[PDB]
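Each chain, written out:
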Amino acid sequence: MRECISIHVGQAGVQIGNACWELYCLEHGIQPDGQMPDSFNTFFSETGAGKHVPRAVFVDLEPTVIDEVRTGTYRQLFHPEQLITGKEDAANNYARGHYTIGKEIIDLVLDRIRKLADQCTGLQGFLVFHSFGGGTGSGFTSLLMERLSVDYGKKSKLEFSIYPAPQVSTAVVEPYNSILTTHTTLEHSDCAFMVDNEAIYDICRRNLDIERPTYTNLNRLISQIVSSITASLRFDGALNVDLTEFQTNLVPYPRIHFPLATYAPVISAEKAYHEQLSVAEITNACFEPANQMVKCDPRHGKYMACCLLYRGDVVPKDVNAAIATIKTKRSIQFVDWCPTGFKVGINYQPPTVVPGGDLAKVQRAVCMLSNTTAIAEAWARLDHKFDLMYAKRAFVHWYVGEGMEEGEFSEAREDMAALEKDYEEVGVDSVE
Amino acid sequence: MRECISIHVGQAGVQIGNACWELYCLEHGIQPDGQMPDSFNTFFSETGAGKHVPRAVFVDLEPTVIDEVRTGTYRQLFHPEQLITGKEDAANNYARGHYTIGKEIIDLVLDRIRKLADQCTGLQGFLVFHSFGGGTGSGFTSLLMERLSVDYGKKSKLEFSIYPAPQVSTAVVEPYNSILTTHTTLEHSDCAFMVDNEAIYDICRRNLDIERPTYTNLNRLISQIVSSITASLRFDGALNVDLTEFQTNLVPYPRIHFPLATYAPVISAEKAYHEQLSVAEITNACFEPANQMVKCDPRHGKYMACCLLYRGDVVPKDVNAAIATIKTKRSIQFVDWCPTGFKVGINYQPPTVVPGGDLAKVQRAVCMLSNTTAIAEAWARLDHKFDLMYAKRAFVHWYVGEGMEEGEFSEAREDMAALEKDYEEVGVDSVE
Amino acid sequence: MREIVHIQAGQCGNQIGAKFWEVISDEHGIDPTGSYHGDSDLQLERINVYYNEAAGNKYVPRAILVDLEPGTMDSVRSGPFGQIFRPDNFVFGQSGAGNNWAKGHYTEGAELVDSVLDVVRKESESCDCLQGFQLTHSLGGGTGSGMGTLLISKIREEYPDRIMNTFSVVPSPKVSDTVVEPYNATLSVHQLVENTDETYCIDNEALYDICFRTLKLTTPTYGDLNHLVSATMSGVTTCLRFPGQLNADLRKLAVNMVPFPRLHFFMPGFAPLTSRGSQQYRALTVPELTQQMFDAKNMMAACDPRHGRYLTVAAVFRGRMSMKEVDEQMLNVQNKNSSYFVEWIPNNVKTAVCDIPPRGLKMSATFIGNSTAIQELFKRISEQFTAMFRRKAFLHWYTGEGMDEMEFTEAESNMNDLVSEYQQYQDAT
Amino acid sequence: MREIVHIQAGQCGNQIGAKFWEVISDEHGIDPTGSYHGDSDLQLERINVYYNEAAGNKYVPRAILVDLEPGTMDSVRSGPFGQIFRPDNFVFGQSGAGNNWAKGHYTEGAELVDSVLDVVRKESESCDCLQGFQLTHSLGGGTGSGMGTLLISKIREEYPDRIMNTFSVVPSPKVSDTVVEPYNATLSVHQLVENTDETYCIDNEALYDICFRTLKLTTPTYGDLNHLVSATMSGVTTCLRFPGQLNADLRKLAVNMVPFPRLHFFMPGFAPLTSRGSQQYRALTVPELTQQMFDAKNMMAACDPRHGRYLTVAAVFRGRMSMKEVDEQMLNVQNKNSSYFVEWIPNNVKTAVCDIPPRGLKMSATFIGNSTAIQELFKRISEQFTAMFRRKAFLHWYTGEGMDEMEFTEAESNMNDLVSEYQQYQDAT
Ligand SMILES: Nc1nc2c(ncn2[C@@H]2O[C@H](COP(=O)(O)OP(=O)(O)OP(=O)(O)O)[C@@H](O)[C@H]2O)c(=O)[nH]1
Ligand SMILES: Nc1nc2c(ncn2[C@@H]2O[C@H](COP(=O)(O)OP(=O)(O)OP(=O)(O)O)[C@@H](O)[C@H]2O)c(=O)[nH]1
Ligand SMILES: Nc1nc2c(ncn2[C@@H]2O[C@H](COP(=O)(O)OP(=O)(O)OP(O)(O)=S)[C@@H](O)[C@H]2O)c(=O)[nH]1
Ligand SMILES: Nc1nc2c(ncn2[C@@H]2O[C@H](COP(=O)(O)OP(=O)(O)OP(O)(O)=S)[C@@H](O)[C@H]2O)c(=O)[nH]1
Ligand SMILES: [Mg+2]
Ligand SMILES: [Mg+2]
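Chains as they are written, first to last, in the UniProt record's numbering: chain A, 1 to 37, 47 to 441; chain B, 1 to 37, 47 to 441; chain C, 1 to 429; chain D, 1 to 429.
Rather than coming from a laboratory, the hints here were simulated on the basis of the structure. Note that CB positions come from ideal geometry on N, CA and C, so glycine has one too.
Partner residues aside, some chain D positions facing chain C, computed with beta carbon under 7 Å:
#1 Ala-55
#2 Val-60
#3 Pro-87
#4 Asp-88
Isolated chain A (complex conformation):
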């Protein structure tokens, strides 16, 4: 009787969520029409008749990709009041996402949410899926997450934001949106998870043996990560994990709260054989620097805390056998002040296969949610990209004339550099 709604913002919000809600409907025997031939009380509010609806909110400022849902396969599955659309887009502007277009529909978005928390009773926390790049994923989320701390506050809020790549940047002004959206979400979102696109392209080439992935293949492996976290709600396990526990074990200080995810094993169907897929085999694939989903070599930095989730037929003894190996490897090191940086999670059910996917029906899977100091190296380049574009005052005039004071950049730069030195304190060891 514990529930958790999910918000999806913009085109980054919807297309990730489409494969996600595809996966949830398969793991509970849910037809797309809502019929089915308890356990599933978490993500579905049951109607009086034999029909189920998700506890979902899809919001976008531009009505293009929303119409895929109202015409596609998953058409009769949603309440059409929950598919909030817009007329004009933010168009990669933080100002249009937060000031111009945001202040006209934000009341309609908040009003549908407060209807959802009333019919729930086990309201644990929130999920917001967006990107740092686009204006809707940056601006509209920044206005939304401020209202939640005003409204709810004590409920633990999570974000799977698409952190921008080091090199493969689709949009141009991503060093402007990503700084300003960080200066808002730092105070309100207690925990956020970063996943980069570029490393997934490296994973899809090297291990999936698919040279040509679309956004669909990226949306499958992200959807495994979402289901692997909320698995302790949808099924009983031997050792459960709750969404309030993630902000406890992964926030050592209230500024630095940016871990990163890695899913394992990632193998194809014709390569599903030829290896036994033991728990000790797959756990070395977790901490391997090549197999991560964020382009940050963790051997540059230091692991602050780690949170492992196992699902399937998982031996409780061999998990104790696996971690005893990794605490002895010299190549992986932890921070000096933290001796015990693990959080173990066991659940009985395996992740199923999506029909027409690429991963095979494995018996076990790991979602590594670890936090490191190696991510700060990515911040220094992104802040160095910010200083280059701002020095020539390029692309600023699009932002000034849309309800934004020019001095807001010089303030938001200083708090970012204040976050930059916060990693430098954790990096050094103890005194004496």
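Dock chains B, C and D with the ligands against chain A, hints included.
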């Protein structure tokens, strides 16, 4: 064995009543020919043969829209003595409705009524449906309601008058009819209910998802309100309500007796799913300021008294659960002197669907009959519209030459402003 | 011997009795036809108290049903057990209340009461030795209140010695049915403190709590709510219709529970209460009945006895049980709760033991409790009363039926004197 | 007589008891329905200590189960033996812990404990002469720790004379479940040293060793791990539910094992332990039980007794055995291990002999051992504790629930004083 006749005055009277008597004939298995293949003793006097007739009176000064009844579907259903017509119309004049054309047929209207009360024995009260705008709805009603207090007096008289809109005024001289018809009905009609057109247009667009409604779609949702009040007569319920109780719980002072109605839930057939329609879900939709049917934001004013009616399969326990929520919300406030401002009504039968309608076959429905101080804000603008037109003495000469002294405006303005300060006394709280 | 005439008044006054006569019929084994199809012999030994024997081996209840409209009376005769009553006894008016105490007691109540006092006086004479009357009504509405209190003013004048008790329904604290229920309460309570010998204050707020928390029911209807009130009502006169090892009656409950003739507002209690899934694991023995009664949530009044003090406690048990196992519990609740009882009345626990259980359950009990906890009840009415009276809101409806303002003063000032009386014995030495 | 009320707390606190009540049910012969289908007569002679008799020849456990979420409570009622408990006793919250000792003991623990102390106090009074309470929880999580220690602070205040013992689970040395378990340990240990009369420190690191090395199991689940802890728990009170030739109980194990009222942290041990392929060749006689206990690897604590010294040793045997064959072994382990025992307590071996064996095995034993070996345990916590506290990492989560830094100082300084006390008696003369 308790009966209640209904009077319909003018084109506002008949076209509302056409959908209403359509709905009553469906909820008792009544063919339009009067045949049918106890409970229905309230609104029908049974003939000796197998044929039923309504206890209705349709009156209009102009014979246009009456001929729809004598030629349309409901043709053999009425006694043709009850369809009183006229030759010339009032034509949006209060004087022709009350002095010229009124004094020539008012005796024929009163004579048919006194035949109706003799064949009845459980005469409870009266229903008069008209508008403040048109001359027939203003003038002919004002002469009629005076005669009833002369004749009956102690019988409780109700009115569903169409209160004029703030902005969408079809007729031009509505600030002249609405003031003068209020100066007559204030003394005689103990209780009257206001319903505006404009908010129904807002309801039909936003929730019914019908961009193009005619007067038919407005006539359906008003007809639900009429059947939801008289449901305790036509069916036995767990907790009944009588037409003498409405003037008790909703008249705190004998001047201010103007509540306003709101029906809920209002959903379409393809949106009939995707929500469970619980009693706690629909009751928050009642006090929502967007869902009302009178363009007056209730958060501007204060709720004096409220009267809720539930019909269908209604849990008696959850009604106690629903009201316990609303007494705790800060956005809705009551007046300081009234601690206990609720009147609960439960009946077993649901409201049925009209064939070819838009609302779906729900299991429960609410008619909120609440009275507020927020309606006085509408009176101040309507009295300010009155002072503008009277200052230039425009449109007065049509009224002087039809049996009306010019000084009657200056008297009727003062009693209206006397009503205007009566809301100001109730608005302040107690002393010490 | 010792017959009782039952009177009903109001829509709430009707539906309780329809549930109540349903229970009493099964306690003797009376069919919905009206004949006898019982099994044992003690079912018929005291049948004459709530029934008059008719010919052809058929029995009729000694009931009187009063309402101002033909609506609620139509619902009673059409449901189950709608044939058991004599059709002459159904008195019904045609005007209707209007939910108005002024109309209930002066205008339309005075016209119909003459048609009631014929049927009342006829049923009193046909019995050998009348014991007393009991009335089921409410205080919120008009017909339950104004027509209700008018009878009690006329009953006591023609029969002073006969006892007179009321199963009224005091309105709830949180939700409120009638807007003018503070006017309805204060005018009715002023009549209850003159012509009633005791009062059983029952609150619907307690009934929604019991049916949800203890019975574990998702959608409890009034048929489940009004079922528990009838079990209390039957549990009061259960020693009069059956023999017992210590026989109490209405008069023994009158004198033992009333120390002073004003202080006669009581709260009930019932035990056991087993839910559907919880019925088999609970060991249903005699001390398990004791610890279920004396808490707050099992009372049918919406006031905790912890705020006040008890004066007298009646216990009416039902079933083949031993006295030592009863007396050990009744002594023990005095000792550890020595603060909650009052000091200057020693042995303030009245015990009554019947023999025959109700249907299905192997044993049962019925709690009657007097307390100073009800001073929060009347003050919550009295605070809401003057808050409406200071602005003269809703006043002209009562005034328009020929009622002076001095009536409200003599009603309300007599209430606060009673509240001071409960305030006096709360902190006495 | 001498009844015991069992309390559970946390997800680890639930699953042990579900395994534990599975064992106790088979020790008397109680079906998964709840009735009795046993064979002998001594099964029912002392049944009333862990059960209250209900009617219809059905029995219920005297259990109390507490967790902050409806998840783990749903798993217990849905598995086997999910019908034996009374459904009223399942107390469960809706907020959840968050794996936080601050939330477990101050914010949400304080709101739910009032709903627990009703059910605790009801089960205490219904028993004739209460013996004492036992608690199964953990120290790592939030609901096992904060909600756990809050009860023990409230149990001792309402019942000082009753004994109070804990089957906690101290976290392992190598692997670590909770990152903030040093904060969770130090704040919970400060409550355990005030309101508990003894503590049974069990480590999961020992359990993965025993199920792999001795039982020879490839994939041992928690059902195999938690099975051995229950056999220790049943082996402590095995002389209370059965007659014996030397009857010990909780109080005899209280006084004999505790020399000083602070030093009350104990380690358990179980014997015999035969694997599947190794069960027939091992001669299972009385001295073979003796040499299996006193080594390092058969302890359920993750600390070698060779580093420290024993203070008191309890031995609770089960089965028809001779005393001379027992006393020869208990004398002999004193002599050759004269260094490992302490000098200034002569005869530091307590012997307890039951009669009836557990199911299947012909005889059994249960080891309770006090030692100074546990000073390595708390110092390994205390070294990890200040290593996190010097940087104030993970501090604001506890601080944000209204908790001062002085609480951590008074917790940690009281720990090191206890560590110095074990350091004192290790090298005394
Ligand atoms: N993981 C993932 N990233 C995507 C997908 N589609 C787009 N992106 C990312 O989205 C970012 C571009 O921003 P958008 O989300 O398209 O923009 P927006 O938030 O919708 O707002 P507008 O600029 O108004 O369209 C880039 O970082 C892309 O990598 C997808 O299906 N999956
Ligand atoms: N709700 C509703 N209002 C209507 C309808 N038809 C007209 N009105 C309202 O009626 C008012 C105009 O009054 P009329 O009824 O046409 O005039 P009349 O009372 O017949 O008087 P005459 O024109 O002299 O005959 C306006 O406020 C219209 O909005 C209808 O079908 N439904
Ligand atoms: N216990 C109980 N109380 C009820 C029931 N129905 C209504 N009530 C309560 O009784 C009061 C309404 O009584 P009611 O009999 O209808 O008034 P009346 O004046 O006598 O009758 P009416 O003219 O107004 S329809 C309210 O306080 C309401 O909460 C019921 O089934 N059970
Ligand atoms: N012996 C044993 N220990 C267990 C078992 N499951 C978990 N543990 C241990 O208990 C601790 C986890 O207990 P847990 O009850 O879940 O914490 P909680 O706060 O009370 O519950 P939660 O809110 O966090 S889900 C860890 O130290 C873990 O190693 C089990 O089945 N057996
Ligand atoms: Mg976009
Ligand atoms: Mg007209």
